[PDB]
Amino acid sequence: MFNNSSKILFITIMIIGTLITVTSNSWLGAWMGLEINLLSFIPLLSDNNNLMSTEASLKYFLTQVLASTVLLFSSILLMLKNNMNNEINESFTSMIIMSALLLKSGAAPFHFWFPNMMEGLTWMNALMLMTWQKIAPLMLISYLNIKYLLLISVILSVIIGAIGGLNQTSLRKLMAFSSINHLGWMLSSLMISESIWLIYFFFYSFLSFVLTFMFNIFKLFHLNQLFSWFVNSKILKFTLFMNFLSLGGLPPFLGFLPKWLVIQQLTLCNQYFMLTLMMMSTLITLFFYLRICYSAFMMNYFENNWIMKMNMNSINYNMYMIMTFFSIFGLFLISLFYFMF
Amino acid sequence: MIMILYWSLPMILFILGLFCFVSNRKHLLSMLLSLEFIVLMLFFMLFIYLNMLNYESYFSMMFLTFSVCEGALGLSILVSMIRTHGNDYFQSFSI
Amino acid sequence: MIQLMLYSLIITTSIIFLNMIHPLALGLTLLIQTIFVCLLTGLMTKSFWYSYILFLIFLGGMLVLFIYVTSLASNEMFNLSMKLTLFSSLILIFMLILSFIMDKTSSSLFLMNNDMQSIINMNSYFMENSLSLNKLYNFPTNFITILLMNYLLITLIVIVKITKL
Amino acid sequence: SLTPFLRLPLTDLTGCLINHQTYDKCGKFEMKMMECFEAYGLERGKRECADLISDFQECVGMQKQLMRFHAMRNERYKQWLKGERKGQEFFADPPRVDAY
Amino acid sequence: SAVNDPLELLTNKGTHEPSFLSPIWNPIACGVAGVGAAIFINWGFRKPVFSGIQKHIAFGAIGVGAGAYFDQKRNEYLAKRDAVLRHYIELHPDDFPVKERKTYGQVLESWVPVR
Amino acid sequence: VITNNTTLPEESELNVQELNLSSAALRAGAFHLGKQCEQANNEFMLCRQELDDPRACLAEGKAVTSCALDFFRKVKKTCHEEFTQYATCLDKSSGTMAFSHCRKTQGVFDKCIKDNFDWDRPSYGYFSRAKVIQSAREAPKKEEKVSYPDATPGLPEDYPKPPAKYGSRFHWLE
Amino acid sequence: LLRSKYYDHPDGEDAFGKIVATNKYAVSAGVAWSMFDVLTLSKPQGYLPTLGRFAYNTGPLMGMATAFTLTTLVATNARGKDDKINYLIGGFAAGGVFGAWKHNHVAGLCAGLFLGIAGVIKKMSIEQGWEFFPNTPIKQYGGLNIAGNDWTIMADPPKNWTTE
Amino acid sequence: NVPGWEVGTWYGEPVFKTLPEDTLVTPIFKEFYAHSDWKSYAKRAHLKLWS
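Chains as they are written, first to last, in the deposited numbering: chain 2, 1 to 341; chain 4L, 1 to 95; chain 6, 1 to 165; chain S5, 2 to 101; chain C2, 2 to 116; chain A8, 2 to 175; chain AM, 3 to 166; chain AO, 104 to 154.
Since the hints were derived computationally from the structure, they do not count as laboratory data.
One should not assume that every hint holds.
[Said to hold, decoys possible] Within a straight-line C-alpha distance of at most 30 Å, the following computed DSSO-like cross-link-like pairs (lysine-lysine) qualify: (1) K83 (chain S5) - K104 (chain 6); (2) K7 (chain AM) - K141 (chain AM); (3) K120 (chain AO) - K33 (chain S5); (4) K219 (chain 2) - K164 (chain 6); (5) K124 (chain AM) - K86 (chain AM); (6) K166 (chain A8) - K14 (chain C2); (7) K143 (chain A8) - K120 (chain AO); (8) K79 (chain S5) - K142 (chain AO); (9) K100 (chain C2) - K162 (chain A8); (10) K47 (chain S5) - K147 (chain 2); (11) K115 (chain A8) - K132 (chain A8); (12) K161 (chain AM) - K47 (chain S5); (13) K219 (chain 2) - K59 (chain 2); (14) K219 (chain 2) - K234 (chain 2); (15) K142 (chain AO) - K104 (chain 6); (16) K63 (chain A8) - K115 (chain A8); (17) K81 (chain 2) - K79 (chain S5); (18) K161 (chain 6) - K59 (chain 2); (19) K47 (chain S5) - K81 (chain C2); (20) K63 (chain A8) - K26 (chain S5); (21) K86 (chain AM) - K125 (chain AM); (22) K26 (chain 4L) - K164 (chain 6); (23) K161 (chain AM) - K26 (chain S5); (24) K161 (chain AM) - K33 (chain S5); (25) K147 (chain 2) - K81 (chain 2); (26) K147 (chain 2) - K124 (chain AM); (27) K147 (chain 2) - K86 (chain AM); (28) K45 (chain AM) - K59 (chain 2); (29) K45 (chain AM) - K26 (chain 4L); (30) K166 (chain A8) - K74 (chain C2); (31) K161 (chain AM) - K29 (chain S5).
Required output: the full structure, derived from the provided sequences and hints.
Structure follows, in structure tokens:
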């Protein structure tokens with residue numbers, strides 16, 4: 001996505017606008033930063049070579065400006081009812097604020113734009129979409145204290161995001177549906193902590209960088225395209241596909257750690273039924289992760305024989321192999337970590 | 001009460017413009033024009049809020065700048081499909 | 001009274017905005033709604049600066065893009081219906097006589113004008129449109145309008161890239 | 002006011018944008034709330050500082066004063082409709098034009 | 002002691018000796034992680050796994066320095082947490098009272114018969 | 002807001018003869034009014050700005066009104082036709098009552114005042130500067146800092162930090 | 003009357019409040035599913051089959067709710083015991099009613115097993131005294147050093163409050 | 104005749120708290136120009152708006 005320096009300019013201004021959003025002490029400067037982030041994320045997610053990217057940017061524009069005007073209208077309504085930004089007893093205007101934030105984030109009652117837009121993108125604007133663009137709404141969700149909207153969103157996110165990814169054989173829509181399920185674990189962590197959410201979001205972001213770099217360097221967009229992917233040693237293809245088992249939450253790899261910290265903090269906060277509802281609905285996520293892992297866990301395949309050289313970037317794959325090592329051997333660093341406490 | 005007699009009408013016309021924004025009987029240009037209708041209603045409600053305070057009305061040209069940049073952004077998104085989808089994409093009832 | 005007349009006009013233009021479908025006709029309905037919105041926001045305020053700002057920015061500045069795009073979008077003319085004009089006139093006369101039979105003191109807005117303030121108010125006598133616009137050009141809120149001018153330049157840079165020229 | 006999550010240099014501009022501190026009928030009420038939010042924080046300030054919250058909201062929100070005005074105007078019209086008050090004594094002695 | 006005093010539970014008497022691996026585990030684990038990351042890079046590019054040992058040396062030195070720095074910051078974080086817990090116990094003597102220890106002989110509860 | 006507990010003054014206390022002059026009769030002859038009546042205007046406006054109480058310094062407001070009435074009665078005794086012509090030219094000169102449109106009758110009015118009362122008209126901006134007075138009324142109170150004895154207590158900078166007891170107390174660690 | 007809960011009175015005390023509470027939960031669930039139904043899959047046209055789909059998706063849930071509550075009250079008042087197997091019988095009855103709407107005998111029992119399991123778990127929650135979705139006793143608003151994380155360039159004016 | 108009403112407070116509950124017992128705050132323009140016709144309200148409120 002670095003074909004121009006103007007895209008680097010749009011990247012730093014969308015970083016600036018997101019930081020204006022998450023540091024605003026009022027409900028209107030947050031909307032100001034949301035509009036800055038929207039202005040800088042319209043030209044990214046748009047390109048001349050791909051036809052679907054322009055209508056996907058149209059879908060993003062209509063979804064975000066529908067969500068931002070409802071966010072502005074409800075914040076002005078809250079300010080008209082009580083003139084401070086906070087609220088003593090929570091009421092329906094906070095529900096409209098949280099629903100407008102859930103349309104921005106992509107919770108499962110309002111998530112239907114997310115994989116339908118994801119069906120026509122590249123793998124770097126998807127990396128910006130499921131990681132950085134989830135910063136601006138989710139950090140405003142932590143300011144509200146209503147429980148049942150978060151409960152409905154978490155439950156609907158972990159059933160709908162896990163079941164709906166089974167039919168999808170495109171890798172982008174499957175990763176969007178997997179990010180919808182990993183969104184629900186972040187909102188379940190938001191009801192109990194503002195630090196365990198940062199733990200889950202940072203390592204989910206880390207897993208998103210290391211897993212979307214596999215599909216961006218080698219240009220993989222399909223489940224059948226993974227079977228035809230040529231790696232010179234099949235042990236390396238087997239080892240590189242352990243990031244799916246890592247992100248699915250398996251104990252020897254990293255990615256078990258943030259889910260485990262969410263489990264540890266939720267049980268200490270006496271919330272057991274919602275945890276069971278999420279973890280019976282996270283096995284389906286590992287099922288469509290293991291359906292990807294059909295293409296590497298067996299050691300020999302009926303490969304197409306016209307391609308015999310593996311072509312790859314140098315700097316991007318050099319950054320990829322550092323993060324693949326810490327995705328599967330990163331549980332040795334739990335003794336050095338001190339940010340859980 | 002206070003909400004029924006004061007600032008009830010911007011809420012009602014905001015919901016009417018929201019329903020015009022999302023109805024399947026309209027088109028994309030009608031969505032953008034109803035979007036600027038709810039921008040106008042948002043300015044009305046924001047100015048009713050900002051005039052309870054005496055000298056903070058200067059924020060009205062900040063929201064104006066952001067929403068006008070939104071409207072120009074939406075028009076430039078919509079007319080960028082002229083060379084690709086043709087001139088008949090303005091009559092599309094579905095996305 | 002005239003505030004209730006602007007209420008009635010905005011209601012009538014909004015319901016005909018919901019009714020009609022021709023895109024230049026919705027653009028015309030928006031440009032005639034913006035005038036009534038400008039006047040009605042002028043009724044609550046001390047002075048008519050922000051109504052003028054909304055006027056130049058929205059109507060004369062921004063909606064001309066909408067009028068141009070909707071003019072080149074539609075080949076055909078308006079199909080004027082006397083039924084919708086009669087219904088708009090009937091609901092307008094009904095809402096004006098409803099404002100006639102309603103007490104205007106309870107229906108007036110609580111937001112103070114420049115003359116609704118106290119006589120002993122020192123700040124109202126100084127200069128028209130001075131203290132409200134002051135925070136645009138003073139520490140530490142001048143960084144927002146510097147960021148706004150930078151935002152408009154960055155917006156132009158975005159628009160040149162997305163239209164592909 | 003909302004507590005931001007991060008305290009970066011980028012909150013320095015957004016924070017002063019809306020505030021009753023610039024001359025206003027009762028920004029001195031809001032300051033008496035705001036320093037209270039420095040004392041107990043945001044969450045204990047919702048409970049231990051509820052008396053100073055309601056005065057600022059009463060002043061700039063103008064809730065109970067407008068409700069009392071509408072109670073005094075609807076009762077007068079109810080007395081007019083019930084036949085107790087009629088004629089030229091429906092409205093009282095008007096104030097002077099420079100009284101307020 | 003015959004009392005269950007909450008202040009002496011958090012107060013460090015100094016009789017706890019740190020283990021042999023406690024000050025030195027994180028720098029050597031991060032050094033082995035850096036060496037393994039360099040080996041992983043050399044394996045992914047189809048280079049020899051010990052080709053270019055300067056990358057292994059730099060990754061191990063970066064790991065040792067980062068592990069020592071974040072281990073010192075971890076120890077300062079835990080010391081500040083202990084000071085916070087001791088200060089909140091000292092500031093609120095009513096919510097956390099010393100509780101008399103009870104011998105098993107005073108208690109009489111529930112043998113679960115297996116039979 | 003006004004209840005039965007608040008002590009509003011009686012209407013008999015408010016029954017004061019008022020300065021019922023028009024705008025042209027107040028704009029003309031103002032520069033001789035302010036110099037003659039500077040002892041009460043400054044004290045009354047200091048009462049209005051310091052206490053911000055409409056019930057307070059009502060005697061000062063009555064003194065301002067009586068001093069203005071005394072000055073206008075003194076003008077009425079000696080120089081009546083000249084002041085009437087000056088106010089007439091000031092009102093018929095322009096829309097706003099601007100002093101620069103006719104200066105011909107202002108000189109006659111100042112000549113009448115200089116010949117009768119031996120008063121000098123002040124400069125153009127004498128009354129728009131800052132006034133310093135020795136007010137007999139004591140200033141009410143200094144703004145005292147509000148006392149919060151039970152605030153949120155943080156960890157002090159002088160608090161010692163020994164190492165934590167058994168370290169992090171996590172699973173399998175320390 | 004319409005604000006009555008299920009557990010404001012003991013089991014077998016009143017019938018009508020339990021019917022109104024369980025039926026209003028069924029109406030809320032049916033309306034929430036039917037709003038996502040008729041716009042997304044099998045979209046009808048016209049006013050009559052839209053309301054027909056709303057009735058078809060809401061009223062059977064009302065029938066399951068009132069059948070579970072009625073056989074729960076019958077099993078509670080038929081004997082002196084108030085225990086979890088009355089909720090098991092009610093879940094079996096609600097599953098059997100759901101089966102009739104399905105028109106499949108297998109569907110009705112298969113549903114009754116899971117509804118009886120949900121009933122005995124909810125009656126265990128009532129007997130033991132815990133909640134399914136309790137309020138969080140601990141809510142970490144931030145980590146440590148939360149006062150020293152203020153990285154702002156603006157100098158603080160002196161405060162108007164003291165601790166003395 | 105209205106039960107539960109006393110002068111100055113909203114149905115018994117006072118309007119302004121944390122104030123001295125004999126202080127005065129200025130009433131708002133709608134409440135001050137209550138008990139009067141619309142012509143006296145627009146007599147003062149609509150002087151700038153008419154000319």
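A quick look at each hint next to the structure:
The hinted pair formed by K83 (chain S5) and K104 (chain 6) meets the criterion: a straight-line CA distance of about 21 Å does not exceed 30 Å. The straight-line distance between the Cα atoms of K7 (chain AM) and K141 (chain AM) is roughly 29 Å, inside the 30 Å bound, and the hint therefore holds. Under the criterion of a C-alpha separation no larger than 30 Å, the hint pairing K120 (chain AO) with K33 (chain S5) is consistent with the structure, at around 13 Å. Restraint check for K219 (chain 2) and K164 (chain 6): the C-alpha separation of about 25 Å stays at or below 30 Å, so the hint holds.
For the proposed pair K124 (chain AM) and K86 (chain AM), the alpha carbon gap of about 9 Å is at most 30 Å, so the pair holds. Our distance criterion of 30 Å between C-alpha atoms is met by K166 (chain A8) and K14 (chain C2), whose separation comes to about 8 Å. Pair hint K143 (chain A8) plus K120 (chain AO) holds up; C-alpha atoms about 22 Å apart against a cutoff of 30 Å. At roughly 21 Å between alpha-carbon atoms, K79 (chain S5) and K142 (chain AO) fall within 30 Å of each other, so this suggested pair holds.
About 26 Å separates the Cα atoms of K100 (chain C2) and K162 (chain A8), which keeps this hinted pair within 30 Å; it holds. For the given pair, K47 (chain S5) sits about 18 Å from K147 (chain 2) by alpha-carbon distance, which is consistent with the 30 Å threshold. Restraint check for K115 (chain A8) and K132 (chain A8): satisfied, since their Cα atoms lie roughly 25 Å apart, inside the 30 Å limit. Restraint check: the Cα-Cα separation between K161 (chain AM) and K47 (chain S5) comes to about 20 Å, which is no more than 30 Å; the hinted pair holds.
Of the supplied pair hints, the one linking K219 (chain 2) and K59 (chain 2) holds, its CA atoms being roughly 24 Å apart against a limit of 30 Å. With a CA separation close to 19 Å, the supplied pair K219 (chain 2) and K234 (chain 2) stays within the 30 Å bound. As the CA atoms of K142 (chain AO) and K104 (chain 6) are separated by approximately 9 Å, the hinted pair is consistent with the 30 Å bound. Between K63 (chain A8) and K115 (chain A8) the alpha-carbon distance is near 28 Å, which keeps this suggested pair within the 30 Å criterion.
With a CA separation close to 28 Å, the supplied pair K81 (chain 2) and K79 (chain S5) stays within the 30 Å bound. Restraint check for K161 (chain 6) and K59 (chain 2): the C-alpha separation of about 18 Å stays at or below 30 Å, so the hint holds. A C-alpha spacing of about 28 Å is found between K47 (chain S5) and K81 (chain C2), which places the hinted pair at or below 30 Å, so the restraint holds. With a C-alpha separation of about 27 Å, the suggested pairing of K63 (chain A8) with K26 (chain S5) holds against the 30 Å cut-off.
For the hint linking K86 (chain AM) to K125 (chain AM), the alpha-carbon distance of about 6 Å falls within 30 Å, and the restraint holds. At most 30 Å may separate the alpha-carbon atoms for a hinted pair to count; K26 (chain 4L) and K164 (chain 6) meet this at roughly 28 Å. Simply put, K161 (chain AM) and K26 (chain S5) have alpha-carbon atoms about 22 Å apart, close enough for the 30 Å limit, and the pair holds. Restraint check for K161 (chain AM) and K33 (chain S5): satisfied, since their Cα atoms lie roughly 11 Å apart, inside the 30 Å limit.
At most 30 Å may separate the alpha-carbon atoms for a hinted pair to count; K147 (chain 2) and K81 (chain 2) meet this at roughly 21 Å. Note on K147 (chain 2) and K124 (chain AM): the hinted pairing holds, with a Cα-Cα distance of about 20 Å set against a maximum of 30 Å. Between the alpha carbons of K147 (chain 2) and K86 (chain AM) the distance comes to roughly 29 Å, so the proposed pair stays at or under 30 Å and holds. With a C-alpha separation of about 22 Å, the suggested pair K45 (chain AM) and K59 (chain 2) falls inside the 30 Å cut-off, and the hint holds.
For a cut-off of 30 Å, the pair hint linking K45 (chain AM) to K26 (chain 4L) stands: about 18 Å separates their Cα positions. Pair hint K166 (chain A8) plus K74 (chain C2) holds up; C-alpha atoms about 16 Å apart against a cutoff of 30 Å. The straight-line distance between the Cα atoms of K161 (chain AM) and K29 (chain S5) is roughly 14 Å, inside the 30 Å bound, and the hint therefore holds.
In this structure, none of the earlier numbered hints is contradicted; all agree with it.
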